[PDB]
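Just one chain follows, in the form solved without the ligand, and it is written as C-alpha cells.
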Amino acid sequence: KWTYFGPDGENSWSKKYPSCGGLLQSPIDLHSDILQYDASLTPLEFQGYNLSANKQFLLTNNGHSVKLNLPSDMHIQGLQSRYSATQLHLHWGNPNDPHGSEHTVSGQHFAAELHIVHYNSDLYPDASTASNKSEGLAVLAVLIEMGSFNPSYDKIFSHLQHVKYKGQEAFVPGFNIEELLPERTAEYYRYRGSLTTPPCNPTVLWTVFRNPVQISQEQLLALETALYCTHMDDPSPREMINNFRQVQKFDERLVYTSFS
C-alpha cells in the first residue's frame, strides 16, 4: 500500500518500490537552464482518439485518482514505435491550495494535470507487460489551469459524483479525447522519465504540452472535492486531495523542446 501523505507517503515509497529511489524519476521542474530547443521534434499524430459515442468506457476511483480506461485502438503516431492507449487519469491539489500539477514550469505549479498513458504495442502485448520494460510507455501530459468552462473535460467531470469512493465505477460514453489536448500540440517538452506513482518504473517517454487548457473554478473544485480514497462504508472517510508527487532532482540532463 502507498499514499501521498502520511507514513506510506512519497518519501517512503522507495522502501517497497526500489525504482522510486532510482534513476530517471518524474515529475520535474521545467526551467530555462535545463531546456533546449530541438528542431527535429516533429508533431505527434493522435489516431483513433475520437472514441465512438456508442461505446462505453470505464471510469474508476482506484483510491489514488480517477481513471478512465482507454482502448488500444487509439494511438500515438510519430515516435520510434507505435504506442497504444491504456488509460488516462488526473492529479490535483485541494481547495485551499489549488496548484496540484505534477510537472512545474519555472517553479510554478498549474492547477492540475492530465496524464494519457500509452504502451509500446509494437514490442509488447499489453500495458501490464510493457510497464516495466525498455521503451515500454509513452505518456502525454496536459497542464490544467483555472479559466473558462471546458465542455470536453466535463464529459469526464460530470460523472465524478458516481465514483466518489474507492472501487466505484461509472460508464462514460465515448467522446473525442483530442478535445482534452491544448492548443498547438506541436509545441511540447520531451524527456525520458518514470511513472510518478509506485512502482515508479523509469520506462516512460514523456511529452508535456507547452500550453495549458482551462477548466472553470467549479470544475476544479469538483475535482478537488468529489473524491475519497476510502471505501463508501468507511466510518472515517479520507478526501482524495494533493495526489501529486513532488518534483525530482534533474541533473546532468536536458529536457528538449519542440519550440524555441
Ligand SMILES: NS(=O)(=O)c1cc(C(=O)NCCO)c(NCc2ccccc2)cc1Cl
Contents of the next structure:
Number of protein chains: 2
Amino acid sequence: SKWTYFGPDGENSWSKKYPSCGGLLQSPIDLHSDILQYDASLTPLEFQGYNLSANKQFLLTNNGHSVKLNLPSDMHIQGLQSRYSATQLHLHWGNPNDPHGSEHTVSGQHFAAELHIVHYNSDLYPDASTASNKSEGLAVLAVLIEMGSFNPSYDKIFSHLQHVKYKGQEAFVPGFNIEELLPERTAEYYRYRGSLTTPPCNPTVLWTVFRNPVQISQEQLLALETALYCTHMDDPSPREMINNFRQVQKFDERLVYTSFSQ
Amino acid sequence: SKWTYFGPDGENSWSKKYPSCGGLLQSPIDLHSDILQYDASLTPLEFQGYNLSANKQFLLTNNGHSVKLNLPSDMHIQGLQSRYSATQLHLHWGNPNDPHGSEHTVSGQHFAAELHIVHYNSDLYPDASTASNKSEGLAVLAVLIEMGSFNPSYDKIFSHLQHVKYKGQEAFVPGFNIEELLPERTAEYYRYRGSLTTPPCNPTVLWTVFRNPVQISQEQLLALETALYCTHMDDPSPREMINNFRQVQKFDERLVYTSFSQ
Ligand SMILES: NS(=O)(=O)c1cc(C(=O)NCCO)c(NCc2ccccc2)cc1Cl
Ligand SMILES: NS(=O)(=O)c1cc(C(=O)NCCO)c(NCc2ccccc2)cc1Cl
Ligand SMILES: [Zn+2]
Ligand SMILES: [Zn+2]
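Starting from the form solved without the ligand, produce the coordinates for the form solved in complex with the ligand.
Now the full complex is given, and it begins with the chain already shown.
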C-alpha cells in the first residue's frame, strides 16, 4: 500500500493498481432524495457484546491511512441475515483549516468526519480478509460526525492519538462501550450495497449509515487532524494524515433504502 | 473515445490512458463560501462575434460523450490578457430519475445541467487542438442550467437533437446569437484555474462559471436527457447518453475568485 489521498497516488489513480476501485458498486455516495426509498423491512439492528470490559484492552494502530481500533469477534450485529462480527473501527476526516472530511454526504453536504465499524460474516468466514472477497461478506456501520459538543466516549480513542502518531505504531485502549459511539435513534438508517472506500475497493459491503450524526468538539477534531502521520517515525518525507476521505461515487443505478419514511 | 462515464472505463479509470486525469488542478469543483474570495480585478467579459450569421450553418455532432456545436474562430472573449477564440459548445446532464447533472456544484448542490462554451488562446496558438495541452491554452464559459420556464434560445440547439441521436451523426444549425444562452448579470462569475473535465483532463483551462443559472423547461430538460445515445446506430448494445458529468474533485488550499461580493 503506497496509495494516498493526495497527489499522484491519490484516488483518481487507485484503479491503476486496484481494479475494483474502477468497478461497480463503489462507495461512498451522496445520500439525496432522488435515490432514497423507504423499506419497511429495515428493522432495528441489535448491538451485542459492544460493551467491552474496561479491564481488557484493545489494540489501536496507525496503518498509514487511518487510525484503527481492533475489536473482538464476540462483538456482533444481530438483525441481518447472518451474524456479522466486528473486526475493527476507524475514522475519516478533513484538516484543521477545512474540518469537512466525512465520506458519505447528505444532500451534498459533508460532515466533519466519519466513523466506520467494520464487521464480517462470521457465520460463513473465518476472518474479515476472507470475507472481503465475498458476496455481502462485510457490513459496515457508519456514523456521521459533526462539530459540536465534546464527546467523552470518542475521547476514549482520541486520548491515545499521540501514541500512534506514526505508521505502524500501536497502543492499547481500555475497553469501553462502543455503543456510546453511535447516535441517537439507531433504528433510523440508510442501507445500500457498496464497497470498501479504500483500496482494494472490493464491492462486498452492506452499508448502514445512521441517519443522525454524533458531535465531537472542535478541539477533538483538531487533535484528530494534527496528531497523525501517514509515514513512519523515521521517514525523511513525512506526510500528515489529513483529508483521508474518498469523493462520492456515481450511483450506478442503485437506490439507497431507508428505515425511516420521513 | 473508449472512455465513458459508467462501467469499467468510467471516470476512476480515465487516469490509466489519460494520466492528467490523476494530476493537478482537476475540475469540476464545488463552489462554496469558505473558498470564495472577491477579486475586484475580475471585470466584465465581452462576447464578441457571438451573434452568428443566420446565413451561415454550424455543425452539431454527437461525439459519443456529449452533443457539441462547432463554433467559428471569429467568435471570441475579450477582457482576458489574450484573446480566446471559440471552438465549440456542449452540455452535461443527469437522467430523468436524478435530473441533477451539472459538473460544478454550488454549496454542494448540483444544477440540472451545465453548458460549456470552449475557447482557446488564439494569440498564442493556432488551433484548439494545439492549445489544449499548453500553458494558458483554454478558457471555458460555464452556464448552470435549472428547470423553469421554456427557453427559446436553448431550443435553437435542442430542436436539432433528434438528428444527432447516435454517435457519428451530424446536423446543421443556422447561426443565432450565442449570447442568448448566457444568464443574467454575466458580470457576476466565479473564476479559477482548472482542467478539462473530460479526458485528456489537461490542467490548462481558465474557468468562468457564471453566478446565475438559466432556465429551460421540464420538457426541454427531458429531451436533452433522453434524445441521445453514446453508441452508433447499428450497435446491438445501445447505451443512453445520460449522467455525462464528472464527479467534483478535491480542491484544497485554493481559492475561487468571485467578481461579486454581496
Ligand atoms: N473505509 S471502509 O470501507 O469502512 C473499510 C476500510 C478498511 C481498511 O482497513 N482500509 C485500510 C485503510 O484504512 C477495511 N479493511 C478490512 C479488511 C479489508 C480487506 C482485508 C482485510 C481487512 C474494510 C473496510 Cl469496509
Ligand atoms: N468539459 S470541458 O472541460 O469544457 C472540455 C471538453 C472538451 C471535449 O471536447 N471533450 C470531449 C468530450 O466531449 C474539450 N475539447 C478541447 C479540445 C481538445 C482537443 C482538440 C480540440 C479541442 C475542451 C474542454 Cl475545456
Ligand atoms: Zn472507512
Ligand atoms: Zn464540458
